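Just one chain is shown here, as structure tokens, and it is the form deposited in one PDB entry.
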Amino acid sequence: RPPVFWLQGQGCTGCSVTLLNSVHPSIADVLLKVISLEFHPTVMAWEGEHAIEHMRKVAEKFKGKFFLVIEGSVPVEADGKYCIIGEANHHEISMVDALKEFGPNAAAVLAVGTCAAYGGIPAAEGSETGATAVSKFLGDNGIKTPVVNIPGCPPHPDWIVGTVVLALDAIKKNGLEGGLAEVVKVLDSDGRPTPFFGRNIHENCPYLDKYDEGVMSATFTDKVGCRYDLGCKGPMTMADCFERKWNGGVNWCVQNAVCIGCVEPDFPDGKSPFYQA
């Protein structure tokens, strides 16, 4: 049962919260039987340098075998000072330093959320922290550990759990190394698993007929027309929200309002203004 360490950089904890909303039949087993969530600052029992040292002892015992979940971007300006994640016997550990320490020794890294995947809101125009995507940061620092991106702001819990399931099945079938190689084959050019991000929202939208007819809603509460004029970014967005919907299937963004393209590498600036085409 491999350990998982969940490190957050410049995130909003939305990736943890979205996972707490999972109704995936496998999630309890993932946490109780398949892996061991040894470090997670939002929910773990211990604290402080003790929690950091616990993670370090586990990481040493499972060198090459543990998994990192990284949420949030990694800020490089000011020598990493815009994100400190812990302190060990007076020595501060920035997100930069944490990834330089643990990154080389992980079996793989899951970059969860658009911030970790692509930079996201912390990297957007007007920011000043040098917010950097996980894969870019690791590459820039010569760390070749495999990274899978599971974006969204936040991701749907099914994308996170589903990617874990994909990986589990691949690793059972071909071993750690070979398994990861099979996972690579089903990633798109932005490092996203194609089962969840391989279809365009707009091509699969229930309002596509209205789009084609040129019937556009002029107020959000008109649910008959297409939402394009209200700012819907479905045409430029690769995600399966149209099918699984959100929060136990009770709604989704296009039904409720508009898609804002939250899974895309240019989010938010390339998807803004949100409420104009």
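Only residues modelled in both forms are compared. Note that the rigid core is defined as the largest set of C-alphas that superpose within 1.5 Å between two forms. Numbering follows the first chain given and starts at 1. First, how it differs from the form deposited in another entry.
In a core superposition between these two forms, the Cα of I35 is the only one among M216, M44, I35, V58 shifting by 2 Å or more. By the rule of 2 Å per CA over three or more consecutive residues, the rigid core superposition between these two forms yields shifted runs at 25-31, 33-35.
What's the form deposited in another entry like, now that we've got the form deposited in one PDB entry?
The following holds one chain only.
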């Protein structure tokens, strides 16, 4: 069970919650059989500088080998003061400083959720914190550690667990260096693993026949027509929700309402307004 540190920057804890919803394997099996979650602010036993120091001791012991998950974006304005994640013996630690510290020493950084992968809502028009995506922040700071984007707002638990397991399997069959090279190979141009983000929603939508006939629902509760006029962003969105669906298969955005393009690099501004074409 490889060590994982889970840092929250400008996140909403929704990427953590969506992980909790994993069906197969259960989050219990993930925590007890798949990874060792050594630091996570929402669920770990310890607290404060003690928790920070624990993460540091494990990071030193597993230098080059631990996985770093980032939930939320990284704000660079005001010397990093828009996100303070901890304090060690009177020294404040901003998200900017934590990423500069741990980022160089991770085996890989997993940018979970659209905020971490692409900037997301904290980076959107009208914001002023300098909310920055993980790969851009690391690159701006000369940190070359591989980054894997698992976007979505939130991602499906299967995208997160699936990418972790994919990477862990690749490392067990090729060693660390070969494993990562294998992971990089299955990423698209936006750093997303193709097993989950390689297909377009619209091309595989059960309502595509209605779209082609030009039969559009005029109210949300009309489930017969295509949802395009109501603002559906399926045509511009790369994810497998149409098949996997959500929360144990009980529903998904297009059946219930509309797709809002949550996995895309331009989310939200490029997918807005959500409720018109």
